[PDB]
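The chain that follows stands alone, in the form deposited without the named molecule, written as structure tokens.
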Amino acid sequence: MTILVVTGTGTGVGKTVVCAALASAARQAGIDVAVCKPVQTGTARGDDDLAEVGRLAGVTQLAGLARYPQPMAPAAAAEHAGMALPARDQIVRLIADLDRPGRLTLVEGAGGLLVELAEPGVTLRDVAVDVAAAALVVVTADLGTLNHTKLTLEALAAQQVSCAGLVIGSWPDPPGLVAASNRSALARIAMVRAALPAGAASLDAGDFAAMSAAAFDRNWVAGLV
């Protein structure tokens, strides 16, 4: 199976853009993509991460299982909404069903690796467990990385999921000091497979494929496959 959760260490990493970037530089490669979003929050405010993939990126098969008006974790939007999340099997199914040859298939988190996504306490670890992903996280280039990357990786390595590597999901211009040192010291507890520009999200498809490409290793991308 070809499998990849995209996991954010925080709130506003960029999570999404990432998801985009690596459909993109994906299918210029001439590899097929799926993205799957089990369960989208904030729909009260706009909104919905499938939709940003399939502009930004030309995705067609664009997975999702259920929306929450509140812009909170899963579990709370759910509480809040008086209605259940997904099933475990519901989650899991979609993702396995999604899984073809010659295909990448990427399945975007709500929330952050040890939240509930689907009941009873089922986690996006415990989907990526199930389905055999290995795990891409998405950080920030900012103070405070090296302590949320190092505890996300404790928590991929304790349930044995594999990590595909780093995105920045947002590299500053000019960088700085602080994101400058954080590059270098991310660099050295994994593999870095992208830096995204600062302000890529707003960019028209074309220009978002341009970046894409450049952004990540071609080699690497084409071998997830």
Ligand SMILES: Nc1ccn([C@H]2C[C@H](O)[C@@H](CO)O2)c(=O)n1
The other form holds:
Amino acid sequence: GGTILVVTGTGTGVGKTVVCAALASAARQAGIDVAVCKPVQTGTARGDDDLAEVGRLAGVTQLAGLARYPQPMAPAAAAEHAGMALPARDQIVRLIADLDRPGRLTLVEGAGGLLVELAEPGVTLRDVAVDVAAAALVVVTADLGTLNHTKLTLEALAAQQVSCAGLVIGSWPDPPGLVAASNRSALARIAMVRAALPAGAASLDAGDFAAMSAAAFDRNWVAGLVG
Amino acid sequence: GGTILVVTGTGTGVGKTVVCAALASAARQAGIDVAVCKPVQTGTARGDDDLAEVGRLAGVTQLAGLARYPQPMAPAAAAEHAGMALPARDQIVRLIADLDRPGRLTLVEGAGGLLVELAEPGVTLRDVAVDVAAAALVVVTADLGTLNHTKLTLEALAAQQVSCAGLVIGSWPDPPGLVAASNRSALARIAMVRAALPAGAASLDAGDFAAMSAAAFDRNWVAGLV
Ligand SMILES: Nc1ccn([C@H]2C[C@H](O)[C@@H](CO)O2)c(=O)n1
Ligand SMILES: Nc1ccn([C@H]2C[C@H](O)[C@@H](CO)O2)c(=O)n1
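Can you now output the form solved in complex with the named molecule? The one shown was the form deposited without the named molecule.
Once more the chain from above appears, this time first in line as the rest of the complex follows.
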């Protein structure tokens, strides 16, 4: 098959959706075919739709969803509130496998955190990554407390032998404060920092976003993602 | 000896120092001798030297610390920026052991989160918890993302066989809201929820904070700590 990458965050609201789009844009521009998969989407009643956002910002059209829940809560609670159930583990793995093919980069966007329950019982994005032999791209902040959260996530990945594809600082302030710069240097000693996306990237139009995305990642790294 | 109990958070700003104070205040009202050790703290020239806050709210007098950095950063970064190394694993552990005595609950308050580098090289509060044979009490939010962070912390505790003495919701909002109501229930399915402390408790005077604290914890669990 191709290259499957799960995109997860140290926490909720760290810019993970925008990272998926930036990476998708950079990969499309290197001539890589990109599919983006969101197995579990919550907060639809509030208008949350990360697949749609990825399409808006990066012009990706191969966008695969599965479970959508109205309330902006953790999937287990959002499902319970709507009188629905969570998807089965193999339903998630099947959705990803249908997209996977040679020369394609498939991004699997988690639902707010590596150990959030996506399927019963206690099945997480980490178990999914094991099933489909995916590495994990970890989206992080530059603020106080990021080093603990990142190290917590990276330890959890290694515990099931899920390779870490690297870190992305989801939102990098201009200008960088004293705390941010120090945290960035510390983040780079823990794992590779593939990119630090400028804040407000979600406001750029299709041209500026594509340009932002192209400059943000190392070309050699993106091209090296799929044969 | 007595009971050594580390108090760690899932992040910064979750109410951990207020929780340390509340447990101390509850344990004091149960007739238990309490010491609070915060080996390293940061962001002092910014907001509160945390040992003093525990004294103010809880009246603890055995307050032990080794290092204070003014920058609001994790210890390693604050010490890097200061040009002044962290304490050593040995002094942190010896400091704590020398506080430990029968009939005494010694609370050890981490700086930030469990895997924050506390003493060089790369010694974390998790390491310290092993060397002093202490269980870990985990302070968590009720907000979105607490289940991820709690599960991650409990996994990091178990990976070095550090027992978990339960969870405290550091700040319980009013009114709760849908997520917080849900997370409180979900948290109880991962571990024992020892207490949920009302938001704004840091502003209480000593008598009100002591009343809150006695009501917040189960008397039987507190008394059983020692
Ligand atoms: N580089 C970034 C990262 C995030 N965001 C926005 C998008 C979301 O609305 C919120 C994080 O979820 O912040 C942005 O504009 N630019
Ligand atoms: N139950 C609580 C927990 C925390 N805080 C305060 C203490 C700190 O000032 C801030 C949390 O970092 O909020 C509070 O007032 N009541």
